[PDB]
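Next up: a single chain in structure tokens, the form deposited without the named molecule.
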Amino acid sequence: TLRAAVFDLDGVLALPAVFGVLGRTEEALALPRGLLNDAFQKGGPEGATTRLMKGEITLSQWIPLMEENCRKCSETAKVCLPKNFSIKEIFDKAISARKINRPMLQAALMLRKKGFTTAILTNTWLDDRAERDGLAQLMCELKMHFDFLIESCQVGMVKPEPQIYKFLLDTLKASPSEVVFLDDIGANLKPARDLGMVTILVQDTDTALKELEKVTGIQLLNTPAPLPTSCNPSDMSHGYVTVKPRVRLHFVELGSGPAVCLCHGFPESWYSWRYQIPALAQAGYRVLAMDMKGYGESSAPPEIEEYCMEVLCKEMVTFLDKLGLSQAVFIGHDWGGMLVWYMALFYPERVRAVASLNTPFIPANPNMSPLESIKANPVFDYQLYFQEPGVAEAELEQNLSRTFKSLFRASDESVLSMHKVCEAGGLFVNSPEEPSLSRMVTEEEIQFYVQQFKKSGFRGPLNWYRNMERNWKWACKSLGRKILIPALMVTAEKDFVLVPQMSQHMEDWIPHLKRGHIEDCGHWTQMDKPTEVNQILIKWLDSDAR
């Protein structure tokens, strides 16, 4: 019974295969058949290519050895190579063209999810070309999805030599019969077959995948659309910045490029962005996913005034100051979306671009108290219950697993009334003691939130709602301003509190505003519809945030 799957890189996990470009160049240049593929394999196990694949020499050192082999091969076949012939140009283009074979990666991901140990086994080189980064990026994206990556140039062994196979078996800690081995080269497949391993000669992906599902007994072809890559908390880079004597802000950091600061809502975590972090980093951004003040590993002082928008924004400015960032794009959800609009209004010089999920920008009415405005809409009545210090804390901290299981549900999974909460005596009245698990979250994901809220509880989080008068007074100073920096408003059809129609007049204050809209999406936007969120954010980032 199989428990490990092994994939080659060239022609298996990545396409078009770099090997096939030798035959393509020949046909394109009307050269004798196999001329380039012959110069490539010249000398066999003692030749330039084997030395390159074993790591004896780098790619830049092999280029002149390949050029000389091409001269020797054209001499024997009695022909002449063109004027502007370049091996570097041919390989630069072939490497650049080669992309991840998405269905093969999906099959490998599915096998690992079901408990398989997966590995990439590849004959590769030490790339020192000026353009080496493109391959480095490709290898990085791929490797993180597998238990092992075995490169010939790092182990000093090469396929089809039998040592690399016994080495593969040793790293897998499995007997040959427990291993499936996929390769596009028959000769390289041969020693694994001869050892007792299940083998698949890969030509077209579809047939290779049919052979793979037949032998593993796991459906890999025509499978439902997979969720985006998530985050394992213990595998992240964790960052800590003291913004003032009693306040430190924690964040998770991934990627390179323009800084993108993700600001969660209530009662959340940096982890609420788990499906966005790998996707935004892969799209070419440096993601900083915050634990907002009052949450997770960030400081949670008790004082109400420590959570007014003025203080929170000032601290986010200091956070950038301390990290040495002149700007960041600010993306917020719920209370984080409110912070992000005020960052744009008060510190436009520090905001590269602004995006909000669900939270609209609504200007302060200076002729009406916020308490009056909130009372007009019965949708916000539950926030009156959050006003009295200690009341909501006691109920929300009573049973954490119940709190999060009840809150984090899709639009059709509602378990909480969320109307007449302040008049029924609680948020959890006529709510199950043991809610079912939502289709949005695993038990493990709920337990992460439970573990985070064990440190500071709900006081700091609830304080974000206790500054209505202070926030309103501050917001009134900005009434003559407009938001003229790049801005995105993302509405969620089924958020019944932060309704899409609340965003309707935003163009009056943000004339250049761009929009996104997600259908059949509830309040917990990022985990409800992760694929669409990522699609919307990446598209806007690439067009408006550089």
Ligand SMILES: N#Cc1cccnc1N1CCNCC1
Contents of the next structure:
Number of protein chains: 2
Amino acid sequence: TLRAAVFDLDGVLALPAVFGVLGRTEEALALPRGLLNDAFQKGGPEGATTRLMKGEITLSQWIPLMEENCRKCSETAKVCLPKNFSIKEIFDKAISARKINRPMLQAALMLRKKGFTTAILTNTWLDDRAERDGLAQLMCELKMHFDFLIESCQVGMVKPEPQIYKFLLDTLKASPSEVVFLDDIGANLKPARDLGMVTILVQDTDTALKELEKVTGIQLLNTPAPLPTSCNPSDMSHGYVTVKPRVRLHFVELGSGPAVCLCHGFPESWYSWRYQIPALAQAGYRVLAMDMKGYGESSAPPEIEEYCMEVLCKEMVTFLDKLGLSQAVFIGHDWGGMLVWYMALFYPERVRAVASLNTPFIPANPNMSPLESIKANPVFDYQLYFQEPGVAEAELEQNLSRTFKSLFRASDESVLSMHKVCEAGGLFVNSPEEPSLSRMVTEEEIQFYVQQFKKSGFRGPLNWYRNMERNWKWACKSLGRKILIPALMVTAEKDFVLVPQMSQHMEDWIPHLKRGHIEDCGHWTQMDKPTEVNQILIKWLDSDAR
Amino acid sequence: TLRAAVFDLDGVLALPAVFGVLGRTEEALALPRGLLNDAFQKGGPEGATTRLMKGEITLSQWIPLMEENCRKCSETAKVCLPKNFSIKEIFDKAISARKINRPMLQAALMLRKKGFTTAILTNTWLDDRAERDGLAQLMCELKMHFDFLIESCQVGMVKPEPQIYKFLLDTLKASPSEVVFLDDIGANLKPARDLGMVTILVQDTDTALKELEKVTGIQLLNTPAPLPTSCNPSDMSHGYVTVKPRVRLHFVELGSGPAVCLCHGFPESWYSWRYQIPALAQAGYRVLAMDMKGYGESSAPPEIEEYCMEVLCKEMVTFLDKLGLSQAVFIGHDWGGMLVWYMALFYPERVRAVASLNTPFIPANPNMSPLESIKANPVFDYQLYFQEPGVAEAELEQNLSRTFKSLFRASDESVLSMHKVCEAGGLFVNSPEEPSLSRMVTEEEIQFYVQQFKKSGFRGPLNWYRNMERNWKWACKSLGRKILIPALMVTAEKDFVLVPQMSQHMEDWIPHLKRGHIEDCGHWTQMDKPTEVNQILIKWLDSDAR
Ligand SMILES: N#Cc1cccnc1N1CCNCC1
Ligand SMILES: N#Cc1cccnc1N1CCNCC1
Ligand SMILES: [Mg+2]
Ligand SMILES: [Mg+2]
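Counterpart to the form deposited without the named molecule, namely the form solved in complex with the named molecule:
Let's see the whole complex now, leading with the same chain.
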């Protein structure tokens, strides 16, 4: 029966409520109880505040009007306002104090996940204060999670006027009895109730969610910890830079602040960063999530040497040049991991900080041919299988769904071992035709990958593995250097190819190397443990790149 | 005969040179003359410095080696180094002191303009200092103006080793006698001379340019003041955001720092900002130059109401939401000018600062229908001509080259007056079939415009003029507000449509409004007076938006 849920901002989706600072300020300053709310409400429907909430005047216009009101209120209550009593101050402080009420957001999210139309309906104002950005950010962080945001100051109507509830129903395309409406203010619920909306009077959050749980029959309280926000590809800003005549790089871009360039591994996509993209943007960074050369909407020239580390690095440098970025933070995973270490060694002036997930930095051995090094580690056998052009392309392209469904598996689900792949004749020789779906990925998500790999297949991606010698030679040029810029290595307990122990000497080359470690995490780090990854990157960004 | 010109960085393209701070530091600290250069050069071809210049070690690795050398040099000269003598300090200071030598850059530019292949050939180092970004920026600002940048630390060779000059010739694809090579260091010229390169020993810049002028036969000294850097469309990062199902916005993006959203007028393009895009990026901003709805690579739905200010504004808001930008600076011209004032009035929380070129802010008159207002100003007659769908489309699309060549004219060249357009039957009824080229634009530039307007023609652009009433109604909602966020109005002396005097009451609505004014500037502000525009915007950004 219920199909829609409507939430207020102040006192429902964000806390403490601002009316609340009228009360607290009275107490703090020992003023007549209610003096500030009387001034706030003076004149009711024709008073300054209603005009503010209606969008007739801006916040800064309102501030001196509320001052006058307070003076008037205190004259009539035969009291004096403190020396330096300041509505600007009171409001600046209250507005920055209010934070998202996470459990209420999370309930709204969950309701939207079981198919509810969700909306924010709020009495709010046109905010032109020097400090307005703070509210702009909050509304940004909130509005993305909802089907509609209805703002009194944009629609010219206010709670509790009945016309806004009609406007509400009309925006929802629902009848009143299909709607639950939550609010901290009783008078504001009334007209919703009159229309036969289910209403919840929100005092403490948890009780309000209990009422909301009963009335919708969906679990909202004590629910397990949700995944971070993911990205919907067609809501992203998509960026394209031509770095040389046959080569254009695609990336997705979210946020403002220091530039952070995310470099995916084989055989993946910008979309492999879908859990980190909103989190890092939210954390105050400018995220650029690449399709690395070979993939997705980036170019995929066929020649092998187009994919040696050297060309790949120079290209990433050009990419910064064309965007006008003097540096970026480089974060990589798997192949992207190897690439960012090389960015650090060959272009430190361009790398603000460098971090790798899974991929250790290991210097080239100038005494041992790379092929030999590779044959001395049974778990790298899969790399010899990738050498012969065509062979792995045929297996990987034969059935894209099956490929990603077989590759993308959590540590407790695996169907392919990277062990004696050559001998077996292939990567999937002993895995099913139709693998089950990993817990890490939905069917929709696999199909995104499938669709990206239909543009270029696996030739470009596999070429990354086909420059062992050429990379080795270039890497030997760097054997005297150390990495002395800020650097983080994140190991993954259950990656059986890029094992933690392979990273164990890195401090010799990178003396101030910082570390993180994720337990019970397979090779597909970002999607296996997205919460831990986000937490580890943001803490490291904030302290080393900021 | 000469076809190529090669410049050094230190002491030729950037000044003061760093070797110079070895000398000055000696003097400042009263050390034995040359003590610091001896330490710098110790061991010659096998010494620390050569390894640095070759890329074997990074700058931070080198620093303690130079320390040791200085200690050794002072022991053998039987002197003591000062308490707190610090190579890190000396070098940090020297490296930030060095700035681009503008007249040398300008000579290189000019030579590239008459068809020379230009290159930077420099002995430089892998810079991993905490302060490395400073050098990264300089190299960024410089490298864009040259065909090649050859860095000793990237190629593994150094001046004066003869192999780097061979590598040079080979990169130039020129023979030695087609090349002029400039350098402040005599030993470094020698091998160029041996190959029969023309060489210039650069002491003071002006004398070096005199030699360079004589030997190339191109005027380089006392040349008139050049235009700012322009943008080549296919070197830009191109960005695309879907703001609603049928509507995607394109923009071009350059730089890092506070976001600055450039909104062009009718009938123009992101490319109308081509002179401001590098200048503002260079000035430390993140420039987003839109194709506004209707134009270029942005969508162009046919319906009139798709182009009322309200929809257009909401859309720009969504564009920020999807990019994860809580605010941007909005700068507009002509129609974009009107749009940014409305952004300021309806979404101040999203606008860091607002500036308009030419377009004044004028409140709607709630007593006079917009059509009437428009009929009361003979120079707005052209707007009535735009009303009837089809009419102006047919004239504007008939001959795209002729259209832009007739519109884009400096104040002293004009062929069309905006006066009695309806009566005459059209915009171009009394202008030539093949207008001459304005001094403001090359034939290449007109053709860019021509090509953009082949995608959608003029229906979307003209629709911007077709919502007089609808905009008027929405604007009336804002008649109580004032614009209290930072705001700049730039008037153009010789715009005969958006005249300066039309802006004269703006302080009533925008009390702290700041102004700039450009003399002898027609309607096409950014391309008419690009230098003055850049100077006025950067000064205003730096003080009001930063
Ligand atoms: N293919 C693959 C693969 C499959 C499972 C685990 N790890 C894998 N790879 C990805 C490529 N880089 C090395 C590790
Ligand atoms: N068309 C046009 C035109 C031509 C010359 C000068 N100004 C012009 N317009 C551009 C549109 N906005 C108003 C002014
Ligand atoms: Mg409330
Ligand atoms: Mg020099």
